Every structure is written in C-alpha cells, then in structure tokens.
Amino acid sequence: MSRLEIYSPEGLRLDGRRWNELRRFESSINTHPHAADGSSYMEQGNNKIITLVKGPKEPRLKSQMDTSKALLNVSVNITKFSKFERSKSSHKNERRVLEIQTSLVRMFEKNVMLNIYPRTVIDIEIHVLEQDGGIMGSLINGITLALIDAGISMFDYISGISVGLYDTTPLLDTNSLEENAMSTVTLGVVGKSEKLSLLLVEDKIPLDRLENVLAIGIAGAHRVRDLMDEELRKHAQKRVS
Amino acid sequence: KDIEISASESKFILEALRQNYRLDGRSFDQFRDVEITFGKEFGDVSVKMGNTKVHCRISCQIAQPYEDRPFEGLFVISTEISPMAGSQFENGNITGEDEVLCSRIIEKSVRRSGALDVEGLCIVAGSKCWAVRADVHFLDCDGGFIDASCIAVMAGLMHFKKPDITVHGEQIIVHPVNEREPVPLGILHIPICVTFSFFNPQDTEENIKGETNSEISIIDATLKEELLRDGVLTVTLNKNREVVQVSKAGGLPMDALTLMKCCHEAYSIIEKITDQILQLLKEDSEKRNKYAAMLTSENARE
Amino acid sequence: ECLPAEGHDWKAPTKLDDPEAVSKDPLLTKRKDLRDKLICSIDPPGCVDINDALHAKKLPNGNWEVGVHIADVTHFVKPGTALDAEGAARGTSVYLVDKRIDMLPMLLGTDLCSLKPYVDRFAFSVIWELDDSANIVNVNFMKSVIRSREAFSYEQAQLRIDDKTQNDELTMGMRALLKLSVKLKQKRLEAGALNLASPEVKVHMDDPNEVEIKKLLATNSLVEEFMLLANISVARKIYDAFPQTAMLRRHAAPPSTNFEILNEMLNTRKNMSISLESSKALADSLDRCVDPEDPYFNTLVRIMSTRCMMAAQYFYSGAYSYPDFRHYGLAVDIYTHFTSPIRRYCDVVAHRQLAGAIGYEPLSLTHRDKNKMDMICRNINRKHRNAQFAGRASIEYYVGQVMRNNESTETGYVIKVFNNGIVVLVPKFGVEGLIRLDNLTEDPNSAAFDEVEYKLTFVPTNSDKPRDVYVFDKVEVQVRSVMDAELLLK
Amino acid sequence: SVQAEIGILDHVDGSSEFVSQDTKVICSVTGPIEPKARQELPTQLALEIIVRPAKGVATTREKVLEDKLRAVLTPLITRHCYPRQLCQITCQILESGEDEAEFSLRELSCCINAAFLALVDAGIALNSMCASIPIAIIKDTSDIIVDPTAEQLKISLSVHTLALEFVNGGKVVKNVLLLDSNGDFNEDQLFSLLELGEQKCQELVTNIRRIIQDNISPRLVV
RNA sequence: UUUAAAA
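Protein chains in written order, with the numbering used here: chain U, 1 to 241; chain A, 1001 to 1302; chain S, 2001 to 2490; chain L, 3001 to 3222.
No wet-lab data here; the hints were simulated from the structure. Keep in mind that the hints are not guaranteed to be accurate.
Listed below are the simulated PhoX-like cross-link pairs for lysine-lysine, each with C-alpha atoms no more than 25 angstroms apart in a straight line [to be verified]:
#1 U:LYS62 x L:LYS3036
#2 A:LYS1209 x U:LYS195
#3 L:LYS3154 x A:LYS1161
#4 U:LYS69 x A:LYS1209
Using the sequences provided together with the hints, build the complete structure.
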C-alpha cells in the first residue's frame, strides 16, 4: 500500500491486529475426495493453499523403493497468480522452492510412521492459490491436515507459525507487508510440546532477542494446533452422525 | 554408488559418543582448525579445516540490476560438486539436496543478510551494476561442507578486488588492472557457519513425547559422523552478536533451550574464526605490499 | 623502481672528482662545491620538508655574498618516469592540520632531497652580490653541494639574532640577512607592492585542544624577501633561455567590479574609499583606512579586500606578451616559483629549465612543447586552488570541533548582513560564522533590513530593546551545544 | 622449473597437483570401480574424463578440453586388463594462468600432466609415461619458445600444445600423443618446434620421474 | 571563482 505504521504506540499493526493476535484460520478437510486420498484447503489469512496426499500406493517404477519404509514426496507449486503482480519467472524449478520442498520432506518423514507402510510411496501435491506472508508456516499446517485426512499414522501434530521482530516487539503471524519490513522466523512445533521440527531464520536477529521470539513463537503455534484439532473434531462428529 | 556402512562400525561410533569419544579425538564442541591459503590473483582462497578441503574463486562483471531493486548489485553463487571429493557425488547433478541447501545457506548469509555491500555495487541505477560471482570448488569431502564453503566465500570476498570505474555522466570506463589498482569490495559483517549434528541413543518414539533429552550434539562432524547423523542444524553468527541465519529441518525435533545453547556455543567459535581471517588477510597484504611503508601519501605532521 | 637503490643510505660524494662517483653521475663534474659556506635553515617548528637554505658572507670589497640554496629535486625526479607523473598530477602538497598529502615520497621529501643539517645535500644555488642598499650586482645560478651548519626555527633564529653574546660567522651572516631583508622589503613597498593580512591560525593536538593565533617575527620577513628575490632572479633567467615555454606565474589587476560593494560599505558607513588608480595607491589607501578605537579594524579591511583580489595563475610565456607577465600583488614585471620543489610541481619544471639555461643538462622536450606545457599549467592551477580550499576546511573543521567541545565567549566582527542572517568573522579563531535570524531573535517577523545602510534591526533574545547591528561592528559572539554546535550573539 | 605434489586427497585412489608458471590444476583418479549401465565396456576399461574451469560453470569450452585430454590418456592406460570397469579422472583448474576466452593451451598442458601423475598414484596399468608442454612463437623474433607466459601469448601468432610418450627410462619416444596447434605457421616451423619440443619434454619426464620417486619410494619398503 | 612567504 503506502508508508504504514508497523506497530504504533497503541499496539495496533497495519491490519488492525495486535502483537499476539493471529489472522483468521479457516481450514477445510476432505476437499478433493476424487483427486487424492488426503485433502486440505488451508485458508490462513489471505493465503489459500490446496494440499493433496496421493497414497500410500505402489511407485510408478520399481527403481526407487525402500523395502523397510516409505518414500515421502512433496510438490510445492507456487502459481503465477499467487501475488498481485503475475509472476513472469518459472517458479517450479526455482532453487528457493527446492529448499522448501526438501525442508518439508525431512520435517515429516521423521513424524510420519513410514515404517508402518513399507515398499510404498506417499506423494504430497501442494498448490498455492494466493500468498500473503508466512507462506512457509501455512504450508506446514496444510500437510498436517492433509495426511490426517488420508489416514496416515503420525506421532503428533506439526504446526506452522511465523513470527517477526520489529525493533523490540515480536509480532505473530506476519503478513507480506510485515515480512518486507522486519526479520521473519517460521517455526515447526510438534503438538503441545516445545520440540521444534523446523527452525528457519532468514534475516538478521540479535542473539539477545531470539530466545524470547522462539518462546512467543511456539506459544502461538500451540494455538494453531487447537484450531486444526477443533476442525477435525467438528468434521469427525458431523461425519459419523 | 553409495557409502556402505557395516553394522559393527555403526554401533561402535554411537557407543563411543555415549562415552564422550570421537574417532578424530576432538570434543563435542571443538571446531576443526581452519587454514586459509590465498592464491595468486585476488579472490583465490583455499580453505583447509581437517581433511575437508575447499577452494573458492571470486569474480565479477557488469550486469543489469533487478527491476525491483535498481540501487543494489547482484550476487551469484553455484556449488557444483564433482567426483573429486568422492565417487558418491554423481557429476552434473546440480539439483542435489546438498548442493541446493549449501547455496541457499551461503546466499542468505552473504546476500540477504547484508554481508556484501550491494548498494555500493551500484554504478548507474537500473542499468549498470556489479554481479559478484562466488564459485566454490569442493576438493575433498569429509563433512563440514557448508561450514568450510562459508569460510571460503567470506575470505574470498574480503580478499577480492573489483576493477575501478570512472563515471562521466552516462558513460562507464572500466579501468584495466594495470592502469589503476582495483578497489576491494565492501563487507559489513562476517557471517560464519557452524553446523551441529545430533544423535539419539533411544529411538523416535522416546523422542517425540519424551521430556528426558538424551540427545548427543557434536560440532562440525566428519564424514563418518555425518552418515550416522540423526538430526542436523546449521546456524550462522557474526561478531556483532547477531544471528545471520538458521536452518533446521527434519531429523530429531529438538527443544528451544538446546537450540539457543547451540548459538552461544557457536558464537565463541565464529568469534575466533573471524579474528583469524582478519589476521591472515593482514599477513597476506604485507606479503604483496612489502615496501608499503615508503609509498604512503597521507602522512601525519608535527 | 624510480627511487635510488641506496634508499636512506644515499650519500653525496665527498670528492666530486672521484672516478667512481662520476661513473654513476657524469653530470657531477658540472657541480660546484659550496660545502664550505656557512649555510643555515629557517623553517617553522616541526618542519620535515626543508626546501630553502640561506647564507651570508661579507666580501672583501664591502659587499655581501648572499645565496639561497634550494633542494635539487630534479636530480632524483626525472621526467618520463612513473615518479614524475605521480607528482605532476598532485601538483602541490596539501597541508591540512593532522595529516599532509605529499607530492613526493618521504624518501625524497623528508631525507634525501630535504636540506637536512649536518649532511651533504645536493642543491640548486642562486648566489648574488648585494651592496649596502641591497642592490643586485651580478647573479649566478648553479647546481652545488651544501652542508647545512644548523637548522633554526623562526622562534630560534629570532633568539640567536637578538642575542649579543653569540658573535660567530654563521650568526653574523644571519644579522646581515635581517638588515638586507628590510631594505629589500622597503624598496618593494615603494614600488607598489601589497601587504595583505590573513587569519593564519593553527591548533594543537595530544584530539582537538585549543585554537591559538600564530604570531609573526622579524625572521619571517627575512626568509620571505630572499625567497621573492630568488623567484624573481630565476624568472628572468628561465625566460631569457626559453621564451616560448617558460614556467612563470602572473597576477591580473583587480577590476573595479570586485571593489564595488566593498567601497560602498566603507563609504556609506565609515566614509572611506580604497584607491584603485594603481597598485601603490591601493596599498597606501589601506594604510589610511584605520579606525582609532579598533586597531584590528585596519587588518579587517585588508582581509575583506583580499577576497576582492584576482586569482594568480600559472602559465607558459608562449601564451602571453611580456606586459601581461605583470604580478599585481608583488608589482614585478615577471615572477615564477622555484624555491619549493618538494611542495609545488611548478618549481620542478622551473628547476629543469634553469638547469638547461646554465648548461647542466638539456631540457626535456616535454617542457619545450606548448601543448604539453599548457595542459600542465591548467592542472597545477586546479590543484593549487584545491589545496588551499582543503587547508582552510581542515582548519575550519578542527576549530569547529573546539566550538562544541569548548564553550566560551569571543569577540568577532561582522563582514556581511542579510535579511535573515548575519555573518561574523572572529579573529581569535580565524573562521567565519553564520547566525540565522531564527537562532538570533525570538520573533523574526518583527525585523527590518535596510539595504542602503547594511543594517538589520531585530529584538534580541531575553531583551525588550531592539538593537541596530551594522556592518564592521565589533560584537561578542558565544557558542552553545544545542543539538538534538551553534554560535549566538552576546 | 615446475612444482608437483602427489597424493593430496584422501577419498580418491589417486590425486595430483601440477603447478607451472601460474597455472595450477588438481586432478583426482578413482578406479577400477563399478561403472554405470551406459559406461561399462565389455572388453576394456571405461574412462569418465571431466575437466572444470576456475570461474563459472563448465561450458562448451571445457568440453573440447575433455575430448583432447581423453585422446591422450586412452592409449596410455592398458584398458584391456580392467574389463567392465570405470575410472573417474576429474581435473579442477584452480588458476588459469592465461586468458580463458582467447587461449586454452596452458590448461590443456597442465591437465595432461596432472592426470598422468594421478594415474600413477592410483596404481593403474600404464604402458608408458607422458609429458605435455605449451609452445608459442612471438611475432617479433618468430622463434619457438616453450611455456610462454600470459603476456607472451597475447603477442603470439600460433600456439602449440605438444604431448609425447616416453619409454626406456624416459628416453625413447614411442609415439607423439598430442600436438594441438592454432594460429599461423608453415611446414618449416612445424619441425622447427617439434624437434625442440621433443628435448623439452625429455627433461620433463626426467623431472617427473624424480618427483614421483621422492614420494612413492618412502611409502613402500621404507 | 583569496596576494605573498616558509609548511
């Protein structure tokens, strides 16, 4: 937009929220019962992510097959119309995207019980229809809710939260305008614990401030877990009855 | 086409770690001694820490700036691993997860974190700028790939000198290297990478919902310690107490207290490696400028 | 590689007729052995670049043997070498306050070329033969070897001349150089020369300490007159042998436009006028523009009239006629620079041309080309103004550091008035200061500016009586540290 | 005078580093090892030659550099005694020592020597020995000079990279392995440099033999 | 587009 106030002395951010408030969280389960065994339409703020889980099934070729566990594939596709300005580049084979795809596989191959499904492959297909800051964390929450829909055994929830540091004030769930004005940290908390399966810091942060940012980060991630959990309670109860 | 590890060797190294023993004889928090070998031309740096040997080559050229940032210069880097450092690296596989994660970590440490003065690399806004390229050559692999490569690039940029340019309104004349002395690049901070390897003597189940943290963390693992590694962490700090970048994805889910402890342990390491590069660059400058005391023009009076 | 291989161990040959010395320097035979002359040096304290060296010896016919000796820089800086081109682009040494950009490496400007005492040094000597009235009888130029007996400073040479128990041949030679300088200066003032003042002030370090005004001594005019006489004598000689490409310096006459606004301020507020019919009339008029109450006011007119003076210029004789060689400030038909080759590059070219006139070494073709000489003169002229503006800014910076780090009250004179600002010149610090109207009064809306009387009426801060401030007013200024370094008015 | 070190890498069968003037090339040899499907040869040994420049990626300039180096090492190795096997020979040029865009003769001369040295340390069957030198002619005197510097190439009319093969104590020349030339020359100057290049490579293998003996002998029975 | 002198 223009030159906005990031965090006014009145504690209000550019979009109206406060320092410890999250964007609206509206998740959806089983949105593609005809295209994949797992489905999750993640709508965290303006972000709109479609996550599909095709598997566990036989691999298309017997070349790559682990006879003691499963193969976890993640396909993150950022559409050209993800932002306001239509992307001119290719995005698919981008080096920044391959880092995200790999970071997601490592994150879940330790949490997903690949041993229960030997000699199989689990394909995860992601399509980002719109992004607005904190896209990494929303990618996390989408995969979690999409595997559960597919009936894949997991040890716990994996929550994705994004935290920014503006001067001396942490900010939960940073949007695009906030990421372009401060440092950003995306966390990957496991359940109600403090175990971090992901820790990405891509901008300079003072060491004396990182610990407090992590504490407020994992605290908001637990809040993200409950919103996903309450979505599964409502989906399971209305489905049985 | 991959390294075969015997069950006997795998069990021995894990139990040795449970007794505070490493095959090479270091400690759990001892970084390998780093050695910097400067080549002939500027930007030719060879880094040797342990048996891992890496070589970096710095270059630059005139290129068009980005349309969204016309006041900044470009920074290119590509780390293609050849079978020279080991026959397990298939040549031509530029999309390898190790090569991908290495470039993205150094690119965040140098370019995104503001180590290289990109604004000083601007000649004319939105038309002409410097595109500094960092070619990293992996010579001998023994763990600590992104640790040594980050030391090589940072030692290379501080040792490299760009050609001099005089702006006459809209024209740009690149002065030959023999005509004018090249100008060194501007470096704001010195990002130094320190990796952490994690092991669990238990299992995955006792680690997800287990309060008792029995993890074993070692600083700068070797190749054999890396192949038996469970979780991996990479932090990057500078002497200004600032966290340049952090990359931890997968492996053992660790807690916040141990990750904060890794940074404070890594700061004492990067603080010493920083002063070594500043000292070894000072000694290499006096090697080339032996009679530099007589050629000084700006001299004090009385 | 262009420097001598001996480095700091370079020594002048004790025997100029030595067969081994003349094998490395065949031009040594064309060099005089003036090492028997009692030569001394008088330079400011803390000097490193010793360019000049004077001596005096009474001749048996009632005259004096006065001779200045200049550092033979051209024996080391040869044309066409990388050492020459590196000094030609610098033009002159820039003298700041803490640092000092040198035109030549310190091997030459400090040790080998500098006329250091007690050591044999190469020099380009100019020997005269003055009478009791300081009249030149015959002049001779030659490259020689000298050994400086001493190296006094201005404050040290003054004590040795004023002392009466030190009566030796070297001290008595300094006595003659004092009585001959005042006779050379008197005949110049009668010929139309100018005597302008300048706030020459310096500071001390440990880190700015304090601002101290520099004092003049009788020995300052001693060296000054013989440096002028040397430059004049060498000017006529290099022009007599190279009238097409002689390195000279001129000074055009100040137009009536420059002294227009200055005379209007002196006539409408002080009823004084500076004569412009001749250079002598300008000097004689400044001596009468003195205020009875303020003795410094006479020097203030000399400072403000210095800005009205035209800028001197380096040039080659092949671009002008002889009546255009006039130097307005010195009132001499021709002039050049020769007595400072370590500092200015103009003296480097003058030394090469003077050596060719005597027959020491043939002048290089780079100093016989009008095109090459023209481009050299435009560079050493641009490098001359840059050096002066840099020296004034370095003094202004370190003085400005004393303003914020040392709060005090000093007296200053105004030199210009505006509708919303007053410029004040302080003799204690030797720098000008602007006092804006917002930082001078509380209500700037109730002010009036009279352009015919050069006054600005306002209501001072913490005062209900409006004050009328004119030009050339002796006021007391203050300094504050109001920052979120500011001068006010008392 | 050139410098050379053998056995510098720990994860390859054979390593070497050839330094001449300003050009520095590190080579790595690993074999015999299991080849791939498209690489295995039914009767003889397969070669995987890969050279890399100091700056930038491996463009088509280094592709012809691999094909010429391949023709030098292929007849030098007894390939028939390693059936269905592979040997990786990677050459990494640390410093070019010339102009990469205008010249490429000094790097070929150092890659040949560095590869032969690494083939000796790895213990591969070699029928003979090898030596390569760069040769150019200054347009001023029009005479033949070996190992010309970087400034001597820009004034050269034609460049040459002669690779020879020596037997019987590094004296008898069995065959001329490679003689790559580009520029302006005639038949009179061809044998004028070929005769001069044969005696400059003879003292090279004599210098190579001394180097590869000061390092292999201490590792054996000593 | 600040004279002269030693720096």
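Evaluated hints:
With a C-alpha separation of about 18 angstroms, the suggested pair U:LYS62 and L:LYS3036 falls inside the 25 angstroms cut-off, and the hint holds. The hinted pair formed by A:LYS1209 and U:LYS195 meets the criterion: a straight-line CA distance of about 9 angstroms does not exceed 25 angstroms. Under the criterion of a C-alpha separation no larger than 25 angstroms, the hint pairing L:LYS3154 with A:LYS1161 is consistent with the structure, at around 24 angstroms. Taking the CA atoms of U:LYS69 and A:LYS1209, the gap is about 22 angstroms. The hint holds against a cut of 25 angstroms.
Every hint, counting from the list given before, is met by this structure.
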